[PDB]
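Residue-level listing of the chains:
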Amino acid sequence: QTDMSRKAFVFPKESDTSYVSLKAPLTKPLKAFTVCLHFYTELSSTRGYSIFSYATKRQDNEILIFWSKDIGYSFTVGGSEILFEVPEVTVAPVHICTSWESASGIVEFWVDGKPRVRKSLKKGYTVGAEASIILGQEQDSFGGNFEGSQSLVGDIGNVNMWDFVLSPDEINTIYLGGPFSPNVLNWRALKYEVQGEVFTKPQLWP
Amino acid sequence: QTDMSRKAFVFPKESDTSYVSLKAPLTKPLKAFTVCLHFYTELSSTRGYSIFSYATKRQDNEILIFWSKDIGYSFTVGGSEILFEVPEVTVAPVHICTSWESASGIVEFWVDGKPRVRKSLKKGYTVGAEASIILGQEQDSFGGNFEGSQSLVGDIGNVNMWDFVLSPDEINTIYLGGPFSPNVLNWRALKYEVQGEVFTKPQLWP
Amino acid sequence: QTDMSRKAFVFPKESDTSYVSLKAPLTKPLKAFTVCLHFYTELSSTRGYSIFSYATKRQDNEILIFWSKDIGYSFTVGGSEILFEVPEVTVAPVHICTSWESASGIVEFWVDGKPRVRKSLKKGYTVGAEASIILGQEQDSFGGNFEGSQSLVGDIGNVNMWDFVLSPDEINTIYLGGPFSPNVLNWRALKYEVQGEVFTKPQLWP
Amino acid sequence: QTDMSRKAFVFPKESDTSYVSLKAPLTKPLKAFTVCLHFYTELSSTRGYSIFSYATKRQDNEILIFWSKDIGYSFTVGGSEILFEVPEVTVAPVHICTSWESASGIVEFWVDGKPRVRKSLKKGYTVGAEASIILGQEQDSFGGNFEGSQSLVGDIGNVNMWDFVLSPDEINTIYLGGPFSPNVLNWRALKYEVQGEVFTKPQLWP
Amino acid sequence: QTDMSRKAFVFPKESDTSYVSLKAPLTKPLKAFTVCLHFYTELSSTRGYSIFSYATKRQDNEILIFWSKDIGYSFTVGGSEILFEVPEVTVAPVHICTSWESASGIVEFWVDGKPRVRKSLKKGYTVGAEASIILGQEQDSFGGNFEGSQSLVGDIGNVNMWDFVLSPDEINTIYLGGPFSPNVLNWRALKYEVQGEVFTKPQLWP
Amino acid sequence: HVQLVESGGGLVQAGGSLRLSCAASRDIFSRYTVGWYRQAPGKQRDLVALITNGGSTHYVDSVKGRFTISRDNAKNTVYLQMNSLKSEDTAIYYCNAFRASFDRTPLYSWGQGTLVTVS
Amino acid sequence: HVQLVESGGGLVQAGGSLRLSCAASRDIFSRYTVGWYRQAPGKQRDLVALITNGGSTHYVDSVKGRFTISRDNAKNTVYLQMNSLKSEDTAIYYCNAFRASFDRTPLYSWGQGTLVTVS
Amino acid sequence: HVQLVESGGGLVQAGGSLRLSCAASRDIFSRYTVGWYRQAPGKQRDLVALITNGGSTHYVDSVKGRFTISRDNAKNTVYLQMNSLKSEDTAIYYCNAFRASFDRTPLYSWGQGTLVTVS
Amino acid sequence: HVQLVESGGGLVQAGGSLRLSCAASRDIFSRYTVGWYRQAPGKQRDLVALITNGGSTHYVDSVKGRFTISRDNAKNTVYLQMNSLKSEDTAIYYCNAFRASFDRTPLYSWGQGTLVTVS
Amino acid sequence: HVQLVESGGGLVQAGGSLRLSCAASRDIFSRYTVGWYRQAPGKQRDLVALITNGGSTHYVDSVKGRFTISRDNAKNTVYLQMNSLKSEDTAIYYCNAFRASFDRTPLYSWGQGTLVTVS
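Protein chains in written order, with the working numbering: chain A, 1 to 206; chain B, 1 to 206; chain C, 1 to 206; chain D, 1 to 206; chain E, 1 to 206; chain F, 1 to 119; chain G, 1 to 119; chain H, 1 to 119; chain I, 1 to 119; chain J, 1 to 119.
The set of hints was computed from the structure by calculation and includes no laboratory data. Incorrect hints may appear among the rest.
What the hints assert, rightly or not - In silico DSSO-like pairs for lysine-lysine, Cα to Cα no more than 30 Å straight-line: (1) G:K64 <-> F:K43; (2) H:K43 <-> J:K43; (3) H:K64 <-> C:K123; (4) H:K64 <-> J:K43; (5) G:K86 <-> I:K75; (6) E:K13 <-> D:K123; (7) I:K64 <-> E:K57; (8) A:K123 <-> B:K23; (9) A:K28 <-> B:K23; (10) C:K28 <-> D:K123.
When you get a sec, could you build the whole thing from the sequences and use the hints?
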């Protein structure tokens, strides 16, 4: 249990080994959640990458934010997947926030502090509590089957998970860096382990 | 009668069922009005959508703001229709305000807080008091004949209707979120009912 | 004599009838002047329009600001005419200010609060005191011979005329909306009459 | 000796007659100098123009800032010439500042308050004290041989000359309009005479 | 030992002679470092240039920031080299900061105060303490073998070297010009000698 | 029975002007947002331009400024002035009347069109 | 056994509309992010468009607005409405089903495609 | 009787310079905003450039910098210097005189033009 | 003696994928910033792409996303995956090894190249 | 008598490098802002590039980065390195010497030029 505030996970090599298994006390399968994270990578104009990965023994990509190469942010829940069109991707750190829910399938994918229009996904679906959250790898199994092409080779931090859809003002505040209580997983109270050549050093973004 | 401030209607699926019938105490056929609403959707670059719909037993689109696909905002009054050219539509929430009047046919279509040049429409025409205001559907009848292609699949809120053309400073204030008295229909004092898969949750836009 | 502050002339139809004859107490033929006006129209990308018209029994376009279609603002004095290149015309209200003089033929055509480079025009020429100032029509005679194609179909206001070239700081202030004394014609102390379908209602621009 | 603060020289016609001979008390041939001037013209997209001219009985363009048509600002010292690439020239007043020196040949050509990278010119060269500084004409002799094509047809002011290279903060201040002591020639303490149709009236730029 | 604050090294000619050997008290081979420098040149659109050079008796480009012509900033450590893509290079002074380290090979190449995504380089490598740091020349040996084509012909300053990777807030502060302690080499406490036609005069950038 | 009038066509040298007519039986175009389509040979049934019921009009980028469509409510004879007719413009122009502005694709009443030859 | 249904093709005059079908054995497309590729003669196996499992869709710049791909989860018959078919569009369209949206290149199950002739 | 002088034309190798003349009977061009049109073969009567009564001038994007039109009020002989004449420029240039700057389309007095051959 | 391996070429239908090999004697590419040049017939010795010693890579605008060059330090066999091979790509690709990234023009060791035919 | 040296030309495969010479009698180019013009067949006398007296240089958009002109003040032999010579570049290059940078059009002393063939 380490506080990662003002620090980010160093992802500098494309590989199937670089990753970080983020532990979470989550026990009840999530009927609603929100992952916020400030990441930064220049692979946006070279290939896609797993921005954030969440697996289950049933679903390898139970919750996964990925850079659809040449199309923006593909966010997936429970295998099913939706896509947020990024008209132009800039070389600059970006703070994403996706807020899928299991009733209305609603996803407030706040990007760089700005909102992406809510779109249905996996409506009335329960996210498996047991998870092998990982970064840098689109896991095709529970923390396994990693691919460099699908890997993040930049850096990422502020990874916070809530069991509830944060209010838009709350998401704004997460962007502003104010306090929060990410019950499911919290960057400032983050339990995790590192595998491969992933380091960890002070986050670039403000 | 529910206050929808800081909340928006969740429109996440293209369908002819998703809609919200907004009740209004309006009794005298409107010789002048103004609808302001902050909506957000990415269909702007995929197809058109009914941003706001207002029907009568005589006219199905008695008052209707729609996204003319590849041409901006088509605003219609009493069947007749005018079009505001949007040179480029950005993925971002926008606050529209149209102000048709029955004497000069004038329409101050304030968009994103900025004005669209006044243009005549339906001059000397009375808007039917009885209405089946709906969102997400270009109704070809009184609250009926909905089409997914003509449907809004984003979200919308701050839907306020006045029986008078608000002063431009007043419209600015509506954009700023200050207080107002939308006699005809008021988001903060909104009477309505929901049909289809439309949810309602905290509005994304500031 | 009506104060038009916070109000603009409603020009919503292309026609040879819509116009407003603005009276002026001007008696001495103007050896120097400055007209400032905040107008707004989207015909910039459809055709030209008479932004401001000033006729004499000798010259139909004694002083006339017009939208040269696809080239910006053609400003004319005493029949002779000069042209300010607008590289790109935006859909947004603009505050123009032209300052022709009868000694150096100088014209400070301040646009949207920014200056257009001084250029000679009609040097050593006297503008006829008697005038049939009109808006919405390029008059080919003294308040006559109007053409829809040459007509303004947006709206315009803050029309102020001075008998002297205002200092650039003064022009800035006119843009800021501060006080001024437009002796020749003053929007806040405007004498005029309306013909055609021109209305008058609160100005859109700030 | 007139103070030209808040005033600019009216250059409204292309001609070989319009010019202004600016006197200067300079007596020692300048081993270092800096000319700052806020000018404005739209010939940038029609042809080149003499932004500032400085002649000697030996060199006609002893010091000359000129608009290289389609390439930006050609600045010349002692006949030799260097060129600052303007990627795009905007219709807007610009404040130039060039700072050639006779030891390192260095030229801090501050433009619009921003710097142009120092580049050598005429290294170890003395600028003739006697001068026939003129504006609006690329003089091919000592105040003679003017050409309309090489002439400035906009306006210019704040023309200040120092015998030393001003510190970059000093140049910033000149842009800000603060006080200064242009020993060689000073707009606020300017000795000059006017020939041709050049007028002089309040400067457009702030 | 001279303080170069508010001063920059004048690089005005392309040549193999213009350079500045910057002394450094560095004695232990650097396992981690950070060079920050505010430079400015317009060769970005004509050819590449050695922004900063650091040689060793074993490696000629032990640490070298260079303008990859048409591709941005090539930063090299210990011979090995990585490249930061500059989508568009503007004519304007830029403050670069690269932060290679010998454990994670991490490089926080802060540019113009903004970060470039960390990327591995020379992992687990020691930078030779003995150095012949030079500017304006991609040295193919220890302070020798200079090439004009690979030379910087603009100007550069604020050259500071630290033996540790500065925190991102620290790098921001270096951009802001606040105080710092560049142990390895410090612009404000800079020991150096100049060869060729390099001058030194007040830095253009703020 | 609608029989959108298709006339005001013919041969014109390139970049000229030609007035295309669009008359409507009864007053139908009042509710229709009428539009000109260019069915050029080997080309699509693409709309050269369109005009709203109120009077506002739009022209496709390829026709920006090229033509001007206006609503002649006096006789339902919406007029289209073609200026600067480039060769591409050479085509048969179908003046159709769909009902509202959003639904460009629907056409309902169909006519015969008017030829245009840009020489 | 997957045998992506390739039908709804044929000859259409340029800029028309044609409904391409994409039926799936069982419910497979539920997990697949299915996509239409244009294997035009002498051309590549490039994706004209694609649609995510959730329902969101993307169309390549060359096809922006040209077509609309929707997921028919009722029978796995994802539909593709082609509008304004320009000549380039003339090609054989391979309706393939890869699994997730990021991995466009993989195709797994392969079909036969449907011809399209823009006249 | 107006008879706009059309002279200063001929054959010039591409990218050269040629001075086109535009003389006016009496002083008419004083009130006219005179303009050069390029009536290239198979092409339109499009204005290469124009100049206002006061003296300001505009040149179409295709001619930006290519030519420079100036008003010779001494004899009504407005001059047009053509520089960098590309092949497209090859055409007959009609120097016409309409009255004000907004009304480009009207021409009133018509002339004969001057040939231009860019080789 | 350097003899940059030029292999992994051949015939591929347009928009396909092909793996070009670039093996180095000893470990030379470690210091070289190796790059792929397209010496298309009648075309230049232009670099399709390049990769830095550290691992970062760049691809020319014409090849943006088209191909992906990676450094195979295991055997000096830097690999180049070509995807979406358009016809232009058809050429002989010279895999050369210059020393640093700034000096693209120098090549030092020269090889033989590998053919590529985009059909 | 000026006789701008025109040499360093010939045949080069496209995208290659060739050094064009520009020697001046006496020291004339010191005051001249010398410039390379491309008088391609059927093309104009357009300047490929130019260099100021001080040393600064500009290259036309079509030649951006393509070539590099430098002033050889040692013998008045201003040099022009042509890199990446595309076919368009194939032309006769006239190395002329006008006096100042603003007056590109004037040429004063004229030479003979050097051929360039991009194969």
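Against the structure, the hints:
1. The suggested pairing of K64 (chain G) with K43 (chain F) holds, with an alpha-carbon distance near 18 Å, which does not exceed 30 Å.
2. For the suggested pair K43 (chain H) and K43 (chain J), the alpha carbons sit about 22 Å apart, so the restraint of at most 30 Å is met.
3. With a CA separation close to 28 Å, the supplied pair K64 (chain H) and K123 (chain C) stays within the 30 Å bound.
4. Using a Cα cut-off of 30 Å, the hinted pair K64 (chain H) and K43 (chain J) holds, with the two alpha carbons roughly 18 Å apart.
5. Under the criterion of a C-alpha separation no larger than 30 Å, the hint pairing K86 (chain G) with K75 (chain I) is inconsistent with the structure, at around 49 Å.
6. For a cut-off of 30 Å, the pair hint linking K13 (chain E) to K123 (chain D) stands: about 11 Å separates their Cα positions.
7. At roughly 39 Å between alpha-carbon atoms, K64 (chain I) and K57 (chain E) are farther apart than 30 Å, so this suggested pair is violated.
8. The hinted pair formed by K123 (chain A) and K23 (chain B) meets the criterion: a straight-line CA distance of about 28 Å does not exceed 30 Å.
9. Pair hint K28 (chain A) plus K23 (chain B) does not hold up; C-alpha atoms about 40 Å apart against a cutoff of 30 Å.
10. A distance of roughly 61 Å separates the Cα atoms of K28 (chain C) and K123 (chain D); the hinted pair therefore is violated under the 30 Å criterion.
When the structure is compared with the earlier hints, violations turn up for hints 5, 7, 9 and 10 and for no others.
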